[PDB]
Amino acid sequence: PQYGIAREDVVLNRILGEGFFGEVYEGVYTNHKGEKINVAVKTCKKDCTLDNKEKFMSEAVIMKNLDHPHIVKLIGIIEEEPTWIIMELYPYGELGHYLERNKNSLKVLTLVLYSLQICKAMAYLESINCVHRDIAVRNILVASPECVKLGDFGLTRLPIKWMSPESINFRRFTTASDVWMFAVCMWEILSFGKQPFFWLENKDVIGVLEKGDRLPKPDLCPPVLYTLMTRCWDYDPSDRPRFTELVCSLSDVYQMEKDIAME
């Protein structure tokens, strides 16, 4: 057998966009069985520090070990020469843009479905007490109109407007902080990709939160779902639902929204 991937197997065709560590390219990987897979090929800047070259790899190896239908798929790794991380390519791009573009067609059913899918990826991460620091629509890829995948990165310049009080105040990041951030992501989804607290500056966020003030319900967000978001935004992290519970609740909301739309 010829397990793993050879640099021969992979051709670069165009720029995709800059990733945290370096440019990412669109290309085509040719299978062990001759199939052509479209791929996003991540690279690390040649001039970056050893600590950065090591984090790039550290993240890669974790992504290699993760296996969830709603987390971006790592196909392989070429360590040598210019290191290439070969990910599956998701043709529809980032959820936030996809939502902005399709805001007049998307039904609430689908928005709840994307929320549920991300919540399942998070319940998996919670089962290993892996914390994801970037559960946001910019960092979720659209595999198909009915499938989203949580991004790699986030598995200075912090996403203040997505962070729990404890994160902002003490740089504490736990599962419960991820629950808070995940509800913010639900809010972006149900708002068709608006930025949370777009009407504030970063410095003003914590004070508003400390006041008990919260993102308001998006127009098309079901009240039941907003109540759910609201629980995820409990100031006290012990009082927030776990991800396993949220999967159950969101499953119910999803099944309800489905019934409503089919009849």
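Numbering follows the first chain given and starts at 1. Take the two forms, find the largest set of C-alpha atoms that superpose within 1.5 Å, and that set is the rigid core. What changes on going to the form deposited in another entry:
With the core held fixed by superposition, the comparison between these two forms singles out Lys53 as the only member of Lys53, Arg214, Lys194, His70 whose CA moves by at least 2 angstroms. For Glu18, a C-alpha deviation of 2 angstroms or more is recorded between these two forms after rigid-core alignment. The Cα shift for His32 between these two forms, taken after rigid core superposition, is 2 angstroms or larger.
If you fit the rigid core between these two forms, you'll see the Cα of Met229 move by less than 2 angstroms.
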Given for the second form:
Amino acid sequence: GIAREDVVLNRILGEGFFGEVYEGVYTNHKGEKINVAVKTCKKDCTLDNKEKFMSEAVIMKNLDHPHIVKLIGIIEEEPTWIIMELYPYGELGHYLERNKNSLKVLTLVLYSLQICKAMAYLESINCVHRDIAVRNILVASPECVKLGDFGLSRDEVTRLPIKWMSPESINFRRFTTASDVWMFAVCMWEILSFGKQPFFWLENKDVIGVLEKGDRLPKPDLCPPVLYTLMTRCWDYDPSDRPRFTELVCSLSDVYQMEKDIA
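Next up, the form deposited in another entry, please; the one we just looked at was the form deposited in one PDB entry.
Since only the chain itself is given, any partners or molecules it might have are not part of what comes next.
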């Protein structure tokens, strides 16, 4: 559905692979104003690329998870626009950086559990994310985070998020649900560190050497010891020793309940 007259473009959000992404306002039947992200596609693209761009809307319309980004609509007629629901609080990493003096550890464990639930759903359909990081998570409200996949490296030199990747992904470009588990724990380290970048003290080329020797990201200051134990299991060199997301949901819910009881 959705007529173009209902959508007003306001400012450029950023540059996507296929074209610019705009911040906008969608007015529905009730006259309610919904903040939106409007994804565009270059007119001179190949039919194959126009198909790949539109495939996001065809796929995303089937996703209705509370912790996954929401598709509002698609305007098929040229210029073809994909209309995503905008989360004005923005990316979680920047949000954590701004609110570091008021955020409680229970809230950081809550966000980790919400993303784990989103990943447990993707795991159930044998899909891989391959870019799990705090920059791909949006804050719908202080009580709800939403997982997206909108990085310029994208259903599933560098370019690649080396500092978040498993050793099999860095060495052989192997990406499995087990490699997503490794990346997810790197994302949890970013959350518990209030948006710090993993391995900020190294260059990309030093990462593999450090991992092969047995070194790992240190426990963030406010990270509960039991949560850090779970992160280290996700960082096992052997992918078969990493937990599945479905079981990690159970372990994270246990940590959340443990933290709530103390709080």
